[PDB]
Amino acid sequence: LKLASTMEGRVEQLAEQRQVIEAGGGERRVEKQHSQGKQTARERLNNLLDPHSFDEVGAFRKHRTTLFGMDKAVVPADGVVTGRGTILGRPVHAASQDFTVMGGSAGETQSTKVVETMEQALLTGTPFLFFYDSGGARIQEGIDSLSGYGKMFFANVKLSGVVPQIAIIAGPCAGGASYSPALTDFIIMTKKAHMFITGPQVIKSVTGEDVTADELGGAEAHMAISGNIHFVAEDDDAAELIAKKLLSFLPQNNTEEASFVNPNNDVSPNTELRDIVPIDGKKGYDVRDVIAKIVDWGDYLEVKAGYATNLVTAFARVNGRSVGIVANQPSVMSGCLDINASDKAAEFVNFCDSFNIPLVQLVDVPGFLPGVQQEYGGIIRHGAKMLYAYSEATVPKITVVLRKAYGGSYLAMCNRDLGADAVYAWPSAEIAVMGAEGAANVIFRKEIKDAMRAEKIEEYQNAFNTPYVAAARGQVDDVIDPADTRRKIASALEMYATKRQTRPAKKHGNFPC
Amino acid sequence: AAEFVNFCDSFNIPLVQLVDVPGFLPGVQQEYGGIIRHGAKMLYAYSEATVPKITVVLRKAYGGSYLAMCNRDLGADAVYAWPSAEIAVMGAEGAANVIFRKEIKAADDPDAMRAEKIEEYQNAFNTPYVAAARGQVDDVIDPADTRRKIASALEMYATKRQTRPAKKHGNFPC
Amino acid sequence: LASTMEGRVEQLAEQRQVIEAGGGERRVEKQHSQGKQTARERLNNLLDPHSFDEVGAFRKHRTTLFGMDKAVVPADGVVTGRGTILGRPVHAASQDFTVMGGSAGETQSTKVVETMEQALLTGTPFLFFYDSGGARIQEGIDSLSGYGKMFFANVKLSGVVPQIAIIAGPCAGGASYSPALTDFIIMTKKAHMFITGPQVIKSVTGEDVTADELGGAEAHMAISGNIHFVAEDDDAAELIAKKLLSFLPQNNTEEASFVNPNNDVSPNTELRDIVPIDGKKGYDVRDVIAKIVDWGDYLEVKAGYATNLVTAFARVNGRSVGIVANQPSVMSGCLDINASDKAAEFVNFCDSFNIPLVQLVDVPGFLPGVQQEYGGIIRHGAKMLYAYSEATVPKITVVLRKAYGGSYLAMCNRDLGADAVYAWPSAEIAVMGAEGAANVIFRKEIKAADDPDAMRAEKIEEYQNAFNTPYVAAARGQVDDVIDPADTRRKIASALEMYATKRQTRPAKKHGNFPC
Ligand SMILES: C[C@@H](C(=O)O)C(=O)SCCNC(=O)CCNC(=O)[C@H](O)C(C)(C)COP(=O)(O)OP(=O)(O)OC[C@H]1O[C@@H](n2cnc3c(N)ncnc32)[C@H](O)[C@@H]1OP(=O)(O)O
Ligand SMILES: C[C@@H](C(=O)O)C(=O)SCCNC(=O)CCNC(=O)[C@H](O)C(C)(C)COP(=O)(O)OP(=O)(O)OC[C@H]1O[C@@H](n2cnc3c(N)ncnc32)[C@H](O)[C@@H]1OP(=O)(O)O
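These protein sequence lines are chains D, E and B, in that order. When the letters of the first sequence are read in order and numbered with the authors' numbering, they come out as residues 7 to 455, 461 to 524. With positions in the second sequence counted from 1, the corresponding number in the authors' numbering is that position plus 350. With positions in the third sequence counted from 1, the corresponding number in the authors' numbering is that position plus 8.
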């Protein structure tokens, strides 16, 4: 456009123009977005960031593509709103795709704005949050749009383990675009959002299978089946609340430990812990009741709550300090570890280590889930991920053995040989290489040739599988009264808050795939 | 400028630029005095600097003199344009006479063609909106908000950590 | 696209040939008629035969305004890639003047920067042939931004990998700052460089000057102090570029590979007769240099600028060394503003690339003159003291004759870190001339003498013998030994050998504050 004649007029022209840009795709498209139960790109940033803290970069930034109508197309902010702000006074950088603008298709300039914003986040050591709502790379831009995605993925990896990256899918996310969220640390999906590498149209044409976007890549599908996301949100409002709650446990970057939040310094006994875990190995329970009674105010944000529920991973705090809790869930699949739970735990453990969050595990595992599909699905390589993650982790590692701790599944839950700094055994702790029955059936195979098994099983069980034997060997530091758990963990965390562990020089180890 | 920039960089003092420069000073003695190697000191100092660099373009910002005042390409962390900002490779008139020379000389009304092309060039490149369109500025601002924009930029970049290639030192122009 | 792979391969060859043709036969003929090689002939002549591996021959501008949407601009006007020079990997760029006057398109500048980033990433030298009318006007702020990225890149590479600029045509405007940011500029006699052209100058100041007068190679060398070598033509510039490169390492983590070592360090008694005992008589310090460096070979830098001071690359036993020597045959060997810049730049460069510095001293002080003071000799002279004080490579100094006050310190004595300092028997290290000294401390004593003339001479002689002989300098430890001039080569060679394992560090800092 042509500039006005005076400075007052130009300031007015500027306000007018900015108003246009901010209207995105227009009132109708905006009403449509709203009718679908979705907030706009700007509304989401306004609700997420502290009031008036949004400092936008690139409102007037425009695409430079000219092919297939782009030369005449008006595309506000090239479809993405980027900038910095604060969440609870903490500086952050964020991006938000505007679906009302060419379906939020990722223009080349749009991805460039996102990468620049990510670089600023890295440069200043601040978290990065991105609201996705897009039809994928902008088709009219061909390889220019494709290149933008390549730059984005490289950036997600560059920031990985340096500054927290949170993705929020609040609408479509069609195609490889989805690899960006996968490369961030946490994905939050609303119930209006969708995500997939290959869409229903292509899948039907190619495989003959006709499914809906919701069955294929809706939030529930990704959470329970795919194992791709960490939180499901009812709508944008709840996703924003989740994003904030999540961020409160995380430091600004990898050079700091998260700031303590509303500490409960009380660590007196709580006999209620003695009853949650049945002395009868045949009876289960919800391990989260144990957690609730150990963490400050019983508060915890469970990660991947609806995935591989046989294992629980959740952020919580002890004396105001962020910690990551990894716990076997006996009330589900007997608390067995399996392919999916190995992945769920490993990712969590790795993330906590990258950001200096101590790890607390509550152990009650009978072993890995038996089954042909588990072997066929690579339980060997997926299970190795837990052993690797814990063995590589240098943050404080505190382990409490609640009940069963059998063979490899017990090592996977981080015992002292895997670098646990403190290990405690409850009086119902049953640490063994294998159940006494199957063990007896092996080492006494001959001498039993009947009912002779009874004495042998018993004898084996008493020689090794008792809390006192584990303690006798030094595998646990002490056998404790379950009511003192919170206090022992708290004291351990306090002492190891200054832990400085050395690791051999390497670009990186070989993390199992 | 260069000495001040190097000093501030050495002692972690952010650098704020206010730009209104039409170019370097024309003159035989400026050339004979080595404006090439002296002017290069500004480009050198800013490009090497790692402290926060914030630039506000008030009006004229032409060619190499604009780059010498630290634009995004020399590492400015935040750049703002007033509505009077005129970031340009060169003045619309000077440009026109070079690239439209032929079309002007052959036009039925040369003067009208020249004014037409100059207008075209000016609006196509030299307005705050095109600079913002290309991403050369973070935003076009109401001059009245200058202090706030500079203050927030300084605050967000207070944690800037920028590294440089390993070297004993670069070859600063003499 | 042809139907068969073979057909597509032939199509590729034809398409590539069109790009290599650049601006077409007429423009190529015009280039040649002006006595200039083309962009591709330049790379072909510089690089080892057939070693050029080109990147982006088919790269195209993305700009569309003012005719660009339809313009066919081959390689966007710059040929870029990697090759080798005497087997050493290098990266290079060559501007094509036959394509839109070699104007710097946004994509052209991007190609250049990418090439520079590759040289940094792989740690190899970067050479660039400039031949351009400046930023491509049709692209406005897009081409302007390209220059911003290029300048920032030149600085990023500064002191990491050697950067050599060859101006072989026009270099109009700010484009000129890239060459300024590289380490060495070689300019041919067909080139012209300037920030503001003759026309704009006249229209603004009324001054009348030709392009050749304002920015031809001779003006830049002798007046402006902007360039390092003047070349007759492209062939000579190419030879100079290779000769220059032969003294440099690939990057700052290495010392330059030795070349054709002459391990003989026999004396040479003729060295005793080059420097006159009569201090009022001069000589060409290069005669001394020729007698002490391998095969008498040396490549003088800025040979035609501030000739009162000589800076040159040479070798001792095969090792590259940078020599800094006062030239008593010009301005009595006085240091001045211009010589201070010339010396400091050379010292700073050698230090960044692990090249030892050898000083040959015969200086009576800085040039007296109101304009030297008004021109800032204080801040310019300080550059020499700063460059040598900061340098950590071996520093070897031989005091040939005069070594007066601050100018002596500027030539690197032990106090500024010289690792070995030798004095010839003619060495005259002094805080100031005995005559001026006496005249200050013995004024009244000379006054009240009824024959101050014989008194002056006495006090002057007394001062001279008390401080200004090489034996007193040696008595104080300011020099390691007083030596026979004939042994200069062996003494320098021996010192270089012992300090070849010198490991010296500086206080932690982003950088010091180099004088402007
Ligand atoms: C690399 C890569 C890959 O994944 O590997 C790529 O990204 S290939 C990527 C290919 N991308 C895609 O195949 C996905 C295609 N489009 C969709 O599935 C859908 O649009 C959807 C699920 C996002 C939305 O459906 P919807 O019905 O809500 O809506 P609409 O049809 O109205 O569309 C929103 C408007 O945005 C446009 N639109 C949507 N996606 C794109 C895109 N990728 N490029 C260009 N324009 C796009 C539509 O043409 C439409 O235009 P108007 O108002 O004018 O009608
Ligand atoms: C940032 C900045 C700055 O300095 O600060 C910019 O770079 S402003 C930069 C402004 N740059 C310039 O004003 C200088 C340009 N013009 C010249 O002084 C001269 O062209 C010259 C010394 C390079 C060439 O002299 P010459 O007679 O050999 O030749 P010619 O006139 O034929 O030119 C070569 C052809 O290249 C074109 N040409 C030359 N320079 C440019 C340029 N910067 N942008 C676009 N086209 C250009 C000419 O218009 C001409 O076009 P055709 O065949 O169509 O006639």
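Simulated from the structure, these hints should not be mistaken for laboratory data. Treat each hint with caution, since some may be false.
Taking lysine-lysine pairs in the DSBU-like style, the calculated list, with each CA pair at most 30 Å apart, reads [said to hold, decoys possible]:
1) E:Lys510 to D:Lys8
2) E:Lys452 to B:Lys517
3) E:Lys452 to B:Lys78
4) E:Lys452 to B:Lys38
5) B:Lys44 to E:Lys452
6) B:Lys510 to E:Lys499
7) B:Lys157 to D:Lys78
8) E:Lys452 to D:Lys250
9) D:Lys68 to E:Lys518
10) D:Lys157 to B:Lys44
11) E:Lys518 to B:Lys78
12) D:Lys517 to E:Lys499
13) E:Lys455 to B:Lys78
14) E:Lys452 to D:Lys78
15) E:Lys517 to B:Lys38
16) D:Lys250 to D:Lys44
17) B:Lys78 to B:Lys157
Now the hints, each set against the structure:
About 37 Å separates the Cα atoms of E:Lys510 and D:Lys8, which puts this hinted pair outside 30 Å; it is violated. This hinted pair does not check out: E:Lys452 and B:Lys517 have alpha carbons roughly 56 Å apart, beyond 30 Å. The hinted pair formed by E:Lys452 and B:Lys78 meets the criterion: a straight-line CA distance of about 17 Å does not exceed 30 Å. With a C-alpha separation of about 21 Å, the suggested pairing of E:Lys452 with B:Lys38 holds against the 30 Å cut-off.
Straight-line distance between C-alpha atoms of B:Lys44 and E:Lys452 comes to about 27 Å, which keeps the hinted pair within the 30 Å bound. Our distance criterion of 30 Å between C-alpha atoms is broken by B:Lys510 and E:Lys499, whose separation comes to about 51 Å. Note on B:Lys157 and D:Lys78: the hinted pairing holds, with a Cα-Cα distance of about 29 Å set against a maximum of 30 Å. Between the alpha carbons of E:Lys452 and D:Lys250 the distance comes to roughly 62 Å, so the proposed pair goes past 30 Å and is violated.
Taking the CA atoms of D:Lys68 and E:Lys518, the gap is near 41 Å; set against the 30 Å cutoff, the hint is violated. Restraint check: the Cα-Cα separation between D:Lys157 and B:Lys44 comes to about 41 Å, which exceeds 30 Å; the hinted pair is violated. Note on E:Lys518 and B:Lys78: the hinted pairing is violated, with a Cα-Cα distance of about 48 Å set against a maximum of 30 Å. Using a Cα cut-off of 30 Å, the hinted pair D:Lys517 and E:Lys499 is violated, with the two alpha carbons roughly 43 Å apart.
With a C-alpha separation of about 22 Å, the suggested pairing of E:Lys455 with B:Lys78 holds against the 30 Å cut-off. The suggested pairing of E:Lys452 with D:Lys78 holds, with an alpha-carbon distance near 28 Å, which does not exceed 30 Å. Restraint check for E:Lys517 and B:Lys38: the C-alpha separation of about 43 Å exceeds 30 Å, so the hint is violated. About 19 Å separates the Cα atoms of D:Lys250 and D:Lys44, which keeps this hinted pair within 30 Å; it holds.
Pair hint B:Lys78 plus B:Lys157 holds up; C-alpha atoms about 26 Å apart against a cutoff of 30 Å.
The earlier numbered hints that this structure contradicts are 1, 2, 6, 8, 9, 10, 11, 12, 15.
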